[PDB]
Amino acid sequence: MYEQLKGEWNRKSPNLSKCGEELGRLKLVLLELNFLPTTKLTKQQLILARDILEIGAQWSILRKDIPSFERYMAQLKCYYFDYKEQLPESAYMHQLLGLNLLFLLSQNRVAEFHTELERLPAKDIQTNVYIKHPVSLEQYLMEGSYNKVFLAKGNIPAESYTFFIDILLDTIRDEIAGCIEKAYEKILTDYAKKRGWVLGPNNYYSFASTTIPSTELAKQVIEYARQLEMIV
Amino acid sequence: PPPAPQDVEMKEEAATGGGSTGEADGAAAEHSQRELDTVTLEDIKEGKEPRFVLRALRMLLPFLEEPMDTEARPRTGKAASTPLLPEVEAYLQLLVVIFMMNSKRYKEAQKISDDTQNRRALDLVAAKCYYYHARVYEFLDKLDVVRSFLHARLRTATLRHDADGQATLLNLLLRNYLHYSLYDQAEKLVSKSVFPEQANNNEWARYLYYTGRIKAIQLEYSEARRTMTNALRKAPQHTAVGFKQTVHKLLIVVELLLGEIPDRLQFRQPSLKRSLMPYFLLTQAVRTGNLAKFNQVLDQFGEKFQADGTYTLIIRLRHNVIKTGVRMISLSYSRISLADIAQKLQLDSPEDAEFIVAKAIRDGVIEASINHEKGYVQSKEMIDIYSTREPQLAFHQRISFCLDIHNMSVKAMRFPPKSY
Amino acid sequence: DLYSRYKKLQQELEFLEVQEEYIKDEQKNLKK
Amino acid sequence: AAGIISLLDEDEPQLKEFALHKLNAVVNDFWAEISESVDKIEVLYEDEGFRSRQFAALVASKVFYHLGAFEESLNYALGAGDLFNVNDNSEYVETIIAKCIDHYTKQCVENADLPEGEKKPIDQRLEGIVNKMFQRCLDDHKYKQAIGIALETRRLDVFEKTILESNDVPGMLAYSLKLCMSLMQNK
Amino acid sequence: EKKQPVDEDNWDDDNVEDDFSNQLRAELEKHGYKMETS
Amino acid sequence: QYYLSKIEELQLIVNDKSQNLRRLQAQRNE
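Quick mapping for you: the protein sequence lines, in order, are chains d, V, D, U, e and C.
In terms of the authors' numbering, the first sequence is residues 94 to 131, 134 to 283, 300 to 320, 328 to 350.
In terms of the authors' numbering, the second sequence is residues 28 to 53, 58 to 77, 88 to 100, 131 to 143, 148 to 190, 197 to 501.
The third sequence: position 16 = 54 (the authors' numbering), numbered continuously.
The fourth sequence: position 156 = 160 (the authors' numbering), numbered continuously.
In terms of the authors' numbering, the fifth sequence is residues 3 to 9, 40 to 70.
The sixth sequence: position 1 = 22 (the authors' numbering), numbered continuously.
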């Protein structure tokens, strides 16, 4: 009962063929029980399905599939949202949570990034090294991550986020565009060639960078409004 | 002797109830408020009361369900809403609360069946019964049954009459989780209504407090400052002991994060220092920038902020301190030497200072317009602010709004009832 | 017979508003 | 609630039924989720393939309680398909159906004053629920209420058959025309 | 509001003290010494 | 017993504040 789900974690899946069969199974799992409409025995069932569910993102992240990654990850939070007093804490919970946190910064949803941070005040504190790397990265982001881009990468090579850190790294910030370079500062080829150069907008950075009557129309309306009040 | 204070204090309630009944068919919101205030300051003042509330008109627990069982509408609602005041003030905290909520549920069942004089007295005393629900809740634990009923009653609130206490209760539910529940406010954004009457005038400020809190969670200081200040403006009552100290803590920490450096000459209230001095220490540290002292004060006062739902904010400010300091330097000069500013802010080296300045170009301190050359940092503040064209809009639209706010006039001439 | 009560209430409301607009106009005129 | 949106992103009729179960189970305990998923639910609105296609309008009507848009509830009921009649009474379903009934009466008077014909008929389910509530009134034997609906409905058929409310003809059945004289003007 | 637990001679001068609370180490006199040393 | 026919009455009664408005404007006219 609920097989072909726990016998694959040990070997995990070096290949991707297992995705199709696994995807069919979760449909059965979801069919066998609605996510969480409200039965602690079903909760005992739920924890069984949490592993594949939480493993669900691990496959999407493995194969670079954002649409399922977001979808699967959202489900796990709902599992954690559920009271689930019996919920047995696992080291995975902390590891997976940081992956969202690291991704959230990746998707420049900074407001959401802090939102999650305040959701785990007891986790961050000083322990939970698993999620300590993203916060350090975030602090570096609000501070000069540009210099600290490789400092945090070297601060800890891995925290079970070998791929997790990869998304952030390849998503290099480029807000520095509001400056002068390219024979005006010359430093900050392929970068100087992308979309012709830098990201594409503006021009060569070395050469990159009153009227009452218009006010008349706008002011006219304003003045009448004051009069309009004095009607009655 | 004990009877005499009771014998004088528990009889004017009869006169107030008589007035309420007489005006019920007159209809409400012009006399009820006074009776509600009397109820409140009787509750603060709080035996034989259960026997004296016996079926005042005909044509503890057993005393609770005796009256209606005996010879028996807004007055009945008020009586059913204020039998729990004795235990409430006494705060027995025992199962007797579990004996009280059924009265509330019965009152909830009673009021729901009523309907609008009820919507003008019973509807509002519904606010205090919800207050008791929440109290009775937090005593044991939070629950969304109140949330479900409130959400259902929102549609009724959308009917002829509307009270806004429901938003306050929803915020109460949000804060129960506190830093954990953040989708709740996401909902509150869209669900927000006008409720401009502000009839209570305390619910408005109350909700503004937590609105400022949630806004500050996402570091939206530009408007968080103004909303928190406006909320603090509407608090005439004493509300001193541990009541406004939280609001002040939030406002001042938010301000410090933004970059402004306050000074205690602002508030320095007698009944705040003992609880707010940790913020004084941290702000004093920030104004200078002694990181060692900052971490010292942080680890010393680990609690409070942790217990005040603000630990994360200070933890993040621990690096915004640099921007806080740079605000002043950018304000003072008009053509800065990058190396000199680097020395002043003990920065690493010239390229680090240039990068920091660029990062600070964003929005806020006057533009830098760094030239990336000998000009280094320019920070050429805009000039011509002289009520001239340059402040054409700046010193015209300000007055335009300040005068269009004269709608207080039309309100005033639309207020006079001039009975008969 | 709530229907009749609603009907007469509506009649009173319309009569009241027409009276109100008339009074507004009369006061405006008397100002001159 | 994030499961709701996450599940909806998935494409499967069984997934749609699970969304149905959870959402009709929680309508207001989680509101912003559906408030933002309005897009997905409304695109599913018009889909013959969706087994519970009418349930999309059911969702609209049920969980637009916060969304006060009256016309929104009107179209939600119009597309409700089957569940509109079933919902005789509940916390707020009764309110929305009553609002739909009053709007239907408004439309009836509006298009009936049009005397030359070619009046755009309203969605059939609307007059169906109107007649169902008329039957409930007949069961309650509220002749005055029934006739009042009939006249405000501007349909003389219901006005005629209202005489069967009690079938005694003491008063109103034969003497409420005086009341009509008193409180009406349309010659 | 309620429902909230938490809780010149000594005023009108906090700003002055804090503004230079760190300083005064030179009393303007060590300042004079350093100045003349120039 | 549809409530459709027992809400408009409350609505109109509430709206009757136009009566007080009429009183005030009558005072001005007087």
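One or more hints might be untrue.
[What the hints assert, rightly or not] For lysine to any residue, the following SDA-like pairs were computed, each having C-alpha atoms within a straight-line distance of at most 20 Å:
| no. | chain 1 | residue 1 | chain 2 | residue 2 |
| --- | --- | --- | --- | --- |
| 1 | V | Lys296 | d | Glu207 |
| 2 | V | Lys492 | C | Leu45 |
| 3 | e | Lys5 | V | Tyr258 |
| 4 | V | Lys440 | d | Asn242 |
| 5 | D | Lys62 | V | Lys296 |
| 6 | d | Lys172 | U | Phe34 |
| 7 | d | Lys172 | V | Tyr258 |
| 8 | d | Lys277 | V | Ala439 |
| 9 | d | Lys105 | d | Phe176 |
| 10 | V | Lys455 | V | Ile466 |
| 11 | e | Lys4 | V | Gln168 |
| 12 | V | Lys179 | V | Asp189 |
| 13 | e | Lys5 | V | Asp222 |
| 14 | U | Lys103 | V | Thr237 |
| 15 | D | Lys69 | d | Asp160 |
| 16 | V | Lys38 | V | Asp52 |
| 17 | U | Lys110 | D | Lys66 |
| 18 | V | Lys499 | C | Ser39 |
| 19 | D | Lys66 | C | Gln48 |
| 20 | d | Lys159 | U | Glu14 |
| 21 | V | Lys440 | d | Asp160 |
For the record, the hints were derived by calculation from the structure and aren't laboratory data.
Taking the hints in turn, this is what the structure says about them:
| no. | hint | verdict |
| --- | --- | --- |
| 1 | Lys296(V) <-> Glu207(d) | holds (12 Å) |
| 2 | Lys492(V) <-> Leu45(C) | holds (13 Å) |
| 3 | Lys5(e) <-> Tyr258(V) | holds (17 Å) |
| 4 | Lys440(V) <-> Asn242(d) | holds (12 Å) |
| 5 | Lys62(D) <-> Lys296(V) | violated (46 Å) |
| 6 | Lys172(d) <-> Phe34(U) | holds (15 Å) |
| 7 | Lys172(d) <-> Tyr258(V) | holds (15 Å) |
| 8 | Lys277(d) <-> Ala439(V) | holds (17 Å) |
| 9 | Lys105(d) <-> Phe176(d) | violated (27 Å) |
| 10 | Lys455(V) <-> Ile466(V) | violated (29 Å) |
| 11 | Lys4(e) <-> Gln168(V) | holds (18 Å) |
| 12 | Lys179(V) <-> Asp189(V) | holds (15 Å) |
| 13 | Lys5(e) <-> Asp222(V) | holds (15 Å) |
| 14 | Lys103(U) <-> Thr237(V) | holds (13 Å) |
| 15 | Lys69(D) <-> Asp160(d) | violated (76 Å) |
| 16 | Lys38(V) <-> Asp52(V) | violated (23 Å) |
| 17 | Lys110(U) <-> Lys66(D) | violated (36 Å) |
| 18 | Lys499(V) <-> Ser39(C) | holds (13 Å) |
| 19 | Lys66(D) <-> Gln48(C) | holds (14 Å) |
| 20 | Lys159(d) <-> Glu14(U) | holds (17 Å) |
| 21 | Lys440(V) <-> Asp160(d) | violated (33 Å) |
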